[PDB]
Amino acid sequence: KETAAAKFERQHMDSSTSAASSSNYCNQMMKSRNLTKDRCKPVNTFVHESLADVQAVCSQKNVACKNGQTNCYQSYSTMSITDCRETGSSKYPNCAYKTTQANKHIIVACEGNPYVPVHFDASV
């Protein structure tokens, strides 16, 4: 039973890189973070910031989440991010991803004690 905070980390955190290396980045990371396991997960974003910097967003700009909830936070600066998105050629167990590297504000839902990100909402 993964806690929610640990699941955000496994799905969203990639501090070991500054940026998406290849067009191949997404097929690889989606696989190693176990997101192609039971299904191809259709969309996922990886954040190439340290964990501290990303936990800090939980004290930045308070915004409405897309589901209308109000525990969403928008980062003040831009962050290095990679968007991973299934192509049309995508067929489980043979998940295939388009890699888009970008530098965007991130919006996360935060909860808990410690108040930390548990949900990736959007980037802008």
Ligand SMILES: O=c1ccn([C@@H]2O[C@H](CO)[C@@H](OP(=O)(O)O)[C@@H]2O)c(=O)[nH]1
Second form
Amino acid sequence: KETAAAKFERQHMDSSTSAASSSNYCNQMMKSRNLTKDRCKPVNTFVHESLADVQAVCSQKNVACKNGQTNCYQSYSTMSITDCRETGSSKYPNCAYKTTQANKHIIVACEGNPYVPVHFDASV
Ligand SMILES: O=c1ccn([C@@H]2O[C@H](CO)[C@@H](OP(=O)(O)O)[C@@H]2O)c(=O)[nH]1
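Swap state to the form deposited with the named molecule bound from the form deposited without the named molecule:
Let's see the whole complex now, leading with the same chain.
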């Protein structure tokens, strides 16, 4: 198994590096986190901040989620993140990604007790 919260950490947390250096970050990280084993996950964002900092977003700016649900939250401060987007030549199982580093406000969906992140919605 795997809790929804655990999956969020596996799919979106990377407190080890301050920023994605070198264009090969995503190719390695996406495979490393098992995001390309069943297929190539199209888009995925990694957050380069402490777990406490990201978890704290669940008590920050309440905003509507893209699917219409009301349990999304936007970080007050910008955060260091890395977007991974699959390229065109990308063909399973050899998934290929474009690595994009940036500093933006993240938006995550939270749920449960404790109230923690379970989905990365967007960055703005
Ligand atoms: O900026 C973006 C946009 C999308 N996704 C990712 O694409 C996913 C698939 O619907 C979702 O993963 P998740 O729901 O397991 O977090 C997330 O919205 C990101 O990780 N970052």
